[PDB]
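One protein chain omitted, others in place.
We just call them A and B in the order they show up, numbering each chain from 1.
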Amino acid sequence: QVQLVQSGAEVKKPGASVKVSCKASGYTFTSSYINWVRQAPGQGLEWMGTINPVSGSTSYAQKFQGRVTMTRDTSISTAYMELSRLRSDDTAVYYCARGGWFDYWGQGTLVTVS
Amino acid sequence: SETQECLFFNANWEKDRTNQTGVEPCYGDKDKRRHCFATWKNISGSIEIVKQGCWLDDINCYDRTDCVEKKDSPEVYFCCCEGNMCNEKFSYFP
Partner (left out) sequence: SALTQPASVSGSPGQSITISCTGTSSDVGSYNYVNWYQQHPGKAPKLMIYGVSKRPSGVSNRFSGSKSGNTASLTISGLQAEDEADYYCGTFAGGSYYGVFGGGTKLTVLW
């Protein structure tokens, strides 16, 4: 079936960067967008941005502009989301999701900023 | 217009471990809306195709029979459409 398999949990210090990976399988990676969403402990879902894997084009939420970088490697069906200049309130579970409808979600990656 | 097939092209077929050119079946149904897409570079008039294929249910492609890039001066051009092989012909109208 369709699967979005994410990289493991990360612990970072304020000021550092984190790069989260999302591997797609069970469908053609280049047939749709990849969306990134985050959720702080006990809080709501928050959209981060989208990547078009065939053009490599991106759109970021105003909140993350200048701090987030979304890339992909089509040869290994993987999308990456890098978040820079980390602060403690960046502690959240980071999800990748397939397409404009977010019809399939990755399991999430916990990034803790101590 | 129903999309059952698209032109397939992959300039990066060697690295991506795909075929270069062909026909790509979009496995749609009554509840699975499909589109075609084309992506390219435009070096002062000279078109270099990056990829062509099937594209999943996207509101940006709905009821578009022509494949048109409407974004002003992109680095990589993209368009999507509905209908068989609609991605063979593509244009730029910013």
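Criterion: contacts are C-beta pairs under 8 Å (C-beta built on N, C-alpha and C of every residue); 3 or more make two chains touch, one makes a residue touch a chain.
Enquirer: Need the list of shown chains touched by the one chain that isn't shown.
Expert: Its contacts among the visible chains are A, B.
Enquirer: Check the options A:30, A:31 or A:52 and report the residue that touches the missing chain.
Expert: Spelled out, the listed residue whose C-beta touches the missing chain is A:52.
Enquirer: Touching the hidden chain in the full complex, which residues of chain A are there? Just list them.
Expert: 33, 35, 37, 44-47, 50, 52, 59, 61, 95, 97, 99-108
Enquirer: Counting contacts across the full complex, list the positions on chain B that touch the omitted chain.
Expert: On the side of chain B, residues 31, 58-60 touch the unshown chain.
Keep this in mind: only the chains that are shown with their structure count from here on.
Enquirer: For the complex, which residues does chain B have touching chain A?
Expert: 12, 15-17, 37, 39, 50-51, 53-60, 74-78
Enquirer: Sort out for me which residues of chain A touch chain B in the complex.
Expert: Going through chain A, the ones touching chain B are 28, 30-33, 52, 54-57, 74-75, 99-101.
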